[PDB]
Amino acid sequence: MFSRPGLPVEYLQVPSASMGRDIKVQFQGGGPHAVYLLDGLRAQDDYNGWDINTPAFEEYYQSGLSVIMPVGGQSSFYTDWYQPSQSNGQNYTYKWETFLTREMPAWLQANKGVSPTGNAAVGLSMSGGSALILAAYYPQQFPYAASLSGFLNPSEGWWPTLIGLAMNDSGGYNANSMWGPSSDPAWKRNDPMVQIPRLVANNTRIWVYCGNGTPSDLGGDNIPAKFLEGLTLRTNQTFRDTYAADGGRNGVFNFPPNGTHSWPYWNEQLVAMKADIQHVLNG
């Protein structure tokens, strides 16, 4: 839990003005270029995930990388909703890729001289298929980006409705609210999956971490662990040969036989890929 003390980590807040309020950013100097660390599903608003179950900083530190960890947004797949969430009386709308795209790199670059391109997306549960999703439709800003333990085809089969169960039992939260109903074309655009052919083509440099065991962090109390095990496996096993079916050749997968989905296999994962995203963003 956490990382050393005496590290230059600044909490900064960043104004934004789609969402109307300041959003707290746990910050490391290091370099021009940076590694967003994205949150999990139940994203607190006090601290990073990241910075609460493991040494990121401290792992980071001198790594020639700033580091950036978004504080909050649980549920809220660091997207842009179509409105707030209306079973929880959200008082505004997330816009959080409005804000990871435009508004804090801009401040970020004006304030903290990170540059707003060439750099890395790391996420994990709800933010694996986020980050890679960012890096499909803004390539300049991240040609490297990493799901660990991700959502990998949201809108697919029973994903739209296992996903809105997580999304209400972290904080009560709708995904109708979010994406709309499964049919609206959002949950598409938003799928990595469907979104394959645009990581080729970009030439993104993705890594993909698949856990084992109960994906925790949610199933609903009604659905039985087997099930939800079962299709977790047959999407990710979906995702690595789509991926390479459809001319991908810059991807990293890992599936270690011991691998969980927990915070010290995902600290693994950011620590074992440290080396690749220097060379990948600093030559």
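Take the two forms, find the largest set of C-alpha atoms that superpose within 1.5 Å, and that set is the rigid core. Residue numbers count along the first chain shown, from 1. Compared with the form deposited in another entry:
Following superposition on the rigid core between these two forms, the residue from 213, 172, 180, 84 with a C-alpha displacement of 2 angstroms or more is 213, and no other.
Taking 2 Å as the criterion, residue 232 counts as shifted between these two forms: its C-alpha moves by at least this amount when the rigid core is aligned.
In the core-superposed comparison between these two forms, the C-alpha atom of residue 223 has shifted by at least 2 angstroms.
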Given for the second form:
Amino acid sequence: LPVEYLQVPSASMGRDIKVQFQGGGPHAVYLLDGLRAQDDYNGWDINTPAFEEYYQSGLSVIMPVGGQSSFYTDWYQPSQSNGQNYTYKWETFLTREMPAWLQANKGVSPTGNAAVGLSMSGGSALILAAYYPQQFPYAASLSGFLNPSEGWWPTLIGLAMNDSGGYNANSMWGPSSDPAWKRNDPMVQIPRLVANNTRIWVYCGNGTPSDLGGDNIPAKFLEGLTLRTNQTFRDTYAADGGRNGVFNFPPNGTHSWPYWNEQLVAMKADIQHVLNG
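Given the form deposited in one PDB entry above, what does the protein look like in the form deposited in another entry?
Since only the chain itself is given, any partners or molecules it might have are not part of what comes next.
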């Protein structure tokens, strides 16, 4: 496979962002990582045949590397907890710096792309489409947490972020009273997704493993927990006039890679027709 490892400078973050890339078309699928994003390889390349599955698909595949517990958003400040010496500015990187770099050097279009996220980034992909519709007319959320500002979610997200690398949710979106919590809440931003007529692909398993694996307590628990939010998202979406979505809620699936890969393959034809055909 013709996969490349690029060093894309982030002026806003003051460092270079490693990006795994496979060409094949002017339009691309941005594959966002999960909560435990690593600094060597994006989770999709480590756990799935993503690049192979999209080889010769008429689409380019972009895999940013890094961003553990970042939620791919622009933080208010450095994480006050683990000595992070810079401020995450992933929204700026994904909507300005990276696309500019890829257009100049590779010819990848800055508009008409797809943002695909899972777990931590499932909602992130949706928010990106919400505020950058020209760049993301398509967005997929796989097992995402779609109502981050509601009830216990801010607290659960805070513990998860601290548990994964010691990141501070308050450094990111500030106090739960801060506008950022609602600004980045997919549920709250549904009207934008409808108004922009975003093509959305929302998936979430039910907690029961199939032959695909992912059979462990944590993975089963997470999927069953977030499914409640995903169903409320589908309802509110339809109630708000949403008419361009695909909601896959099968009676199987845990919070793990085999299932996310299965969805990535399932949505390929969908992305091809929306972005190209």
